[PDB]
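Shown next as structure tokens: one chain only, the form solved without the ligand.
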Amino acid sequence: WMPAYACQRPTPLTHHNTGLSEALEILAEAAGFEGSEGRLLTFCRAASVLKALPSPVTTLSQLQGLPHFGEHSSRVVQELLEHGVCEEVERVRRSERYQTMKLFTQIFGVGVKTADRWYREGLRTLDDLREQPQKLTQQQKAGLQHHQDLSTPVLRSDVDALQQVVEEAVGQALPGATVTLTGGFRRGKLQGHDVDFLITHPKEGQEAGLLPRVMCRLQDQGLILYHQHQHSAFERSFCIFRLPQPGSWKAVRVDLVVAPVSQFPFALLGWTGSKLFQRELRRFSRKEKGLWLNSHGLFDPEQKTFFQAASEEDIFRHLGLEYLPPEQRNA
């Protein structure tokens, strides 16, 4: 069988329906470009269902009984099985609207609304945006200047170098503080487009005011190309690191998050992803268990109490779910 929520099933990084899931995610992405979050979500879910399957889908009948597969998603798979291509998907791929929206939304500091506005104004290329720099935010300027690097896959080797750099600065800012690699790379990805770190300290309260000290020490080593700090919500910094390369360097998006150790398991769970996994997990928590989950804790609205967690295993237990290791959360 196949449970309805992605958090109820192991989803490996690599699977047996790559072509089909990729096609459905094109439509998901396109739906988001047109402001259709509901449709995006369904296409994302349907694609994730195929990721969780134990073998390739070869016939349309194998879609029977599968959640989030209705008339539209089944037709897409049906055409792919029969012709090798889905005309709607190909029509989307080739369209100027999709290509331009995809180009713009990949820019750091540019979301759908902004990308949509720029498109309606007649803008189509990166150079179009560069010709009118006066109307760009500092965040967008940085994303535009470093677009080529940020669009280049980050390798696991790169991540390890970045971690030792972060751990060095963190170690000086607060002795005893720890750094944990999260996000996609914790889920076993061999390459990605950004890096996420979670920072904490074994003694509750000592992690307070840590990130400004960390950022200052990183800035002193000339490693920060862009910095956006958010105060404690955990204290967070969305950065662009200068990562040393053979004879040169490249820009990499790095997120630093500091959480008190008491909330660390919730922060780790939220920041490990995947994005769809977390959305599904929180949807499951609220609608099936009547509990409110976020990156900070798990709230029982009936008893008005927060669940204490010492580990991710605790959280899955609280929600009555079988534990899933990070590399099985690739929904």
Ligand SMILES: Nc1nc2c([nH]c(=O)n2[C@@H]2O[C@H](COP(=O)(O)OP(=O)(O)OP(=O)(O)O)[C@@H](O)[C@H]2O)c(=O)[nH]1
The other form holds:
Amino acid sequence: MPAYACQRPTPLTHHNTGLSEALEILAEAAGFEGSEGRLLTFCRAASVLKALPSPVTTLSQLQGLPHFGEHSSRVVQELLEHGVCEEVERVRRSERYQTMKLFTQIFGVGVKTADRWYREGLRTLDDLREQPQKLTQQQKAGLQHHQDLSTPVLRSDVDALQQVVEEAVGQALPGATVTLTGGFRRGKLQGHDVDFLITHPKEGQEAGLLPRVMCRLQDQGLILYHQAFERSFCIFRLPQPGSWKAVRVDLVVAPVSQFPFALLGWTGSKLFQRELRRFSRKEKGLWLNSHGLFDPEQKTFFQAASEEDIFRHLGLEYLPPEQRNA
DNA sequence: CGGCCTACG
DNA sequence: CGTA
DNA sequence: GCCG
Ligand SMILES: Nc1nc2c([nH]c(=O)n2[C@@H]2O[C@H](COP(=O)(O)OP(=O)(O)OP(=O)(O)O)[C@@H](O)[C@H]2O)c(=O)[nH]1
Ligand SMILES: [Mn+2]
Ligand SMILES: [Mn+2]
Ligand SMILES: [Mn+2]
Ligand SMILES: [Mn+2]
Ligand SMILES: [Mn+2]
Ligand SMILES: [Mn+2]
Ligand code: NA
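Show the form solved in complex with the ligand, please, because up to now only the form solved without the ligand has appeared in this conversation.
What follows is the entire complex, opening with the chain shown before.
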């Protein structure tokens, strides 16, 4: 089993959900306590189990697996022996974990903000609403639309949103294209948001596009929240039968020279992409981001025509999006 | 021991 | 900091 | 927490 998540296929449906979900609780809790390193190990260990071909039924089956040491192995051992891990259950039931999960799931609130509020004694969304001076405009929007943003986004919603984004993009720039990215491109049936990547086949024509698209959406009444720019993390007023619901939408514009890199980056998964970028730098000496792949010794960028080209230049077997669910 | 993805808003 |  |  390869050590990096970008070296192995990880399908959407896999055989060790119970074990991986427990390790991901410990990862999330490690993040809440400010240890990104422990979060990463627990995330990596969870993802190793997602890549296995069969259910783990014996502790024996972990031997040699990357990112399984004493702590992650003990969690699996307890789950196999007893069906529950005491440490996981203690974190699950804790006021700190529950509140930090509640606050960080708000759009505009991360760990550092949530931790400050926790330390000030706040515990509920009504507590935050009662203290509105404590909130940025982004946080006000996330709180205002929190109920809708907690409702899974479905494929029906994606299709409707892609049509209205395509209409605005076509009005803003003839020939520009819209590509669905994020979890839906990896095959997920649900999501917390919809992600779109916009480009134009003629390099340079996309300059200034995203403000024009946003103006056209805003004047059709489709925008509840947004804020030269090339990324917009929006909330849309999506029409529904007789009504509407708020939906998070991410819009990104890239020049066509960068489109394979942006498509790769925005397709995820989040762990897959951080592993790929780690692999690129640490194993291949190349610097990867959503704009390009840089060789820092020759001072040159790799010209890619496809995602496949990027994998090949990194010496990796190509993985289609549905196998990037690390 | 120290690293842990990487930008833009 | 937030996007996460 | 695990690993180079
Ligand atoms: N399901 C869900 N996910 C949420 C909420 N709030 C929130 O921040 N998230 C975050 O949403 C991210 C994954 O959502 P997603 O379904 O869009 O997956 P994705 O791979 O496209 O992630 P991406 O859109 O962040 O790139 C996670 O990092 C998770 O922390 C929420 O209320 N529900
Ligand atoms: Mn026991
Ligand atoms: Mn998404
Ligand atoms: Mn995500
Ligand atoms: Mn840029
Ligand atoms: Mn150390
Ligand atoms: Mn440590
Ligand atoms: Na958040």
